[PDB]
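Let me begin by handing over the structure; questions about it come next.
Yeah, one chain of the complex is gone here, protein chain that is, but the others are all in their spots.
Naming follows writing order (A and B), and every chain is counted from residue 1.
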Amino acid sequence: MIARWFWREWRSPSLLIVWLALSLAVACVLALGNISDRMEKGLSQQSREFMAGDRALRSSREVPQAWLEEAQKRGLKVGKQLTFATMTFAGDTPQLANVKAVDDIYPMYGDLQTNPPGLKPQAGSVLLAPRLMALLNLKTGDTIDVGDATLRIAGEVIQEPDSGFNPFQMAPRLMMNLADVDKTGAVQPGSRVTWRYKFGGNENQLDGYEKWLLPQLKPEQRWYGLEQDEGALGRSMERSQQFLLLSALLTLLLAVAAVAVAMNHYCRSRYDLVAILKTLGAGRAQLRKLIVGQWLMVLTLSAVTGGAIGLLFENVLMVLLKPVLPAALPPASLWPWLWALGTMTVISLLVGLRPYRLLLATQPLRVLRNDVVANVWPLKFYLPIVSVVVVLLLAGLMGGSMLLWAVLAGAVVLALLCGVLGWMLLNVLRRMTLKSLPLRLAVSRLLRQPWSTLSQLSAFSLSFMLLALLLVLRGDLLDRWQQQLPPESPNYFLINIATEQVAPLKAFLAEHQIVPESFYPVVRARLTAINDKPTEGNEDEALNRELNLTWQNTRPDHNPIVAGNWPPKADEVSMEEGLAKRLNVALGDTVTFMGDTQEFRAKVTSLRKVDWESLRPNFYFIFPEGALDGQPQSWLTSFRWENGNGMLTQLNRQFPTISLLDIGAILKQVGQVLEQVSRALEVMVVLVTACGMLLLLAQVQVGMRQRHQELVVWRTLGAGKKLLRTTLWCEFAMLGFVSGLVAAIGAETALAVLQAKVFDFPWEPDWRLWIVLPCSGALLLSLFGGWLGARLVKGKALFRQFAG
Amino acid sequence: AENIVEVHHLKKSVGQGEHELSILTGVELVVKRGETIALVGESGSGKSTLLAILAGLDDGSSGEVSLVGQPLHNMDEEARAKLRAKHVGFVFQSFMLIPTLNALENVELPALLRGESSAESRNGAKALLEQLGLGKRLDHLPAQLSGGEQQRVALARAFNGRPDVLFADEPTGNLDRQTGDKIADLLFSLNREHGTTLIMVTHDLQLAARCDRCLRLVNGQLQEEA
Partner (left out) sequence: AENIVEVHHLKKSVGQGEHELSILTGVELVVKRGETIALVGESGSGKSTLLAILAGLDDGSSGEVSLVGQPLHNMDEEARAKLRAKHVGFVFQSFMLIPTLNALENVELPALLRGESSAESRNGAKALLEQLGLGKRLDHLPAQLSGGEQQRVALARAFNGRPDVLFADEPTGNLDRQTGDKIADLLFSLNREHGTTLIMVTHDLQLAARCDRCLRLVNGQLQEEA
């Protein structure tokens, strides 16, 4: 009897739409979370291929062996890289060279491009960059004097995964083994030996070891990851990762909104039934049993079908995604299941708790006659408490990331603006007179029930804001990535260029059908002090390195300028904003630089937001033109070539002093990473927008189900199809237009905070969004409403369906 | 035309398979302009079903139904809805009042559908409702009212329709002798003035006696009583 009753209820339109909406929300969250987690894990695995290590530890001196012994006990793979640059002698030809001592583990991941291939640093053997023995006039299989050792030339070093770009290079690379450090006889406890430690293993082992090692550190050793040597390519990966998390969060938020409204409607549908049960003497025990049994059965069925649908979606999508993926992604973690079931349960309980207690403490006749229900838990106190609980739970789930806080700030501004604008709109419309009949009907319907209208409007605004925020963020990220790697780019660099040699090469570049590029003149030095305080002692990478300076007459085109004014005058130099922040310096600070016994002083007058991602060289300091003539003015240029190399030989004969660097390997490396990240963003955006559209359809269907009785009465009276379709069009168009207008402000605020705090991109108020979001939202809502109303009005004996 | 309603061999059954049940087993009925026909019968004889099928709210199993010279079995839903809006007024058993809007909007509805100005329709509905004896419950919701008030609201809506043909299901179901008498006087005055044909399914013997013709529904058949 009870089973047949439950099944009959489950076939009623109201319960049916509630179940469908809940199941769709669960499928939404589960599938999106699973896809996001698997794809991010695949991205991390891909990133492991260019680092030879999952995590990196950096220090200027040897760490105690106890930590590495613990890591080995912790079942972790450890590699070591402890080297710097020093002098070498190819007989009697001194030459600076950057050596690199690595253990047999390295390369732990990836591949070591060598000529001939398949060579590793062994005792008594060294591998050298082609420029190195091109200048040293030695060949493979010969012997080279390094420090106080004579080691055989095993082969060349075409490329290594942990190379970076380093446009301001000085000396080539010399691969060599960790065990032969002492035999060099040239290593000194002076300059940093660039102590780097690579750790690899499962996520749990790495996390536990990191937590174990966190208190055992000093402010000279940094634990990090996705930060390659030299070039900061991995930063892009990091950005992508954040985006993925954001996407998941967005879906979650969307789901919550739908569930809320759906469940609210469901609760209302039960009102009269509870009254009847209270009339028949149903005690508290039996009433609780029946009502919460129906609620729990609905929740369980919705969860089950949602899980099944989400799993089916995930499997079919990953099958259909075989060409895009480079390899099968690892299985997802379990946290999406929590992220779905827990949110649906908690939102359901939060929405349904108040009506349950309210009904349990009100005489049935008051409920039936729509009279004054018991004044318990007023909305003015219930709503803030619910919002606080929800946001606290969201903080717990997310982990206190700035993404959640930015989203919440946007949502709060959106809600406040929504209330104000709704009140103003009601006041305006109460005094407004129209002429079109469908418009009059829509306006009257919107005005008659203000609070329900406001709830619907707020939900739609939230959905539109989330979608628009995601779309704009995707556009900005794609534009930034496209700008980072132009389709054509100089694949060759020229360094160690004398000033008087600038004119010849240019002509040669003009001669050999090559477009010349910028000619940044570089001077290497070290800052002596800031505000007369000797900087020796502060832990900054800038202090223990040869800083590079340049002088530009005009504004740097590709380098944006944010703070200060351009150009800096005498004894004033534009500086990078990030370096100023990490160095805690202000404008006009007395900074003196020591180089070639020509220590010159300058001030600070402008800060430029410099992105360390483009292949174009970037300088922390841009001195005024002709300010450091005493220092040796080196020159550096770049050009792109794609066919043959004989002209390269001609240039080498022409200027054997000038060094030539190829970066085709680096371009190949970055291209795959960029392509994979872009595919990730495209797929995530498509999935989220489609499923958000589905949730919007669900919300609109529920909203129309609310107005079912009025529509049925209208049809019975004899309203034509055209009139009903037009009225629904107009009503939902106004609703969507206002909702999108509010969502524009909300999305702008959240996006501004997110860019200023997470993705470090400049924020510009885009009126194009202001004009696109409201119109598009109104059109979408009108389309959905018209279609669903046309579907509903069709049929016969509609008057009989009024009772349902 | 003079033949307002023509019904030939009307048959209607409901249910599916074992649940199939026959209600109308061959019905014939011809009415002229301005006539007043009261319909009586035992409970569950199908009177409401016959009334619904007469007004084109649904479709019979088989037969010929013509209203104002239009064969109701030969147009789609839209033409039927247009005809209903043009000519017919209806009063149901449960009155299907919209619980969201107050009484005034419920009475206002048909005038807005016709296409009058909002103020004109508002004052007209107000005058009609005051005429029906409900001038003190204008803003009440349908739940707030009582059975008699809800019935009078439905009657007010039908009257505001100002129809050529008026169908009623128990106009005086929830009314005493006094309010029932006033309602009957209202209906018959309307018939005398506007010449509106009146079909009503009633249980009161007085109202049937006042009516021009009395038809009893037995075994899905029509029998003249007087």
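Going forward, contacts are C-beta pairs under 8 Å (C-beta built on N, C-alpha and C of every residue); 3 or more make two chains touch, one makes a residue touch a chain.
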_Hidden-chain contact residue, picked from the options A:61, A:222 or A:366_ = A:366
*For the full complex, which residue in A:150, A:286 or A:315 touches the chain that was left out?*
A:286
*Could you tell which one of B:22, B:48 or B:100 touches the chain left off the display?*
B:48
_Touch list for subunit A against the chain that is not drawn_ = 1, 4-5, 8-9, 12, 272-273, 276-284, 286, 360-361, 363-366, 368, 371-372, 800, 803-804
*Since one chain isn't shown, list which residues of subunit B touch it in the complete complex.*
42-44, 48, 93-94, 137, 139, 146-149, 170, 173-179, 203, 205
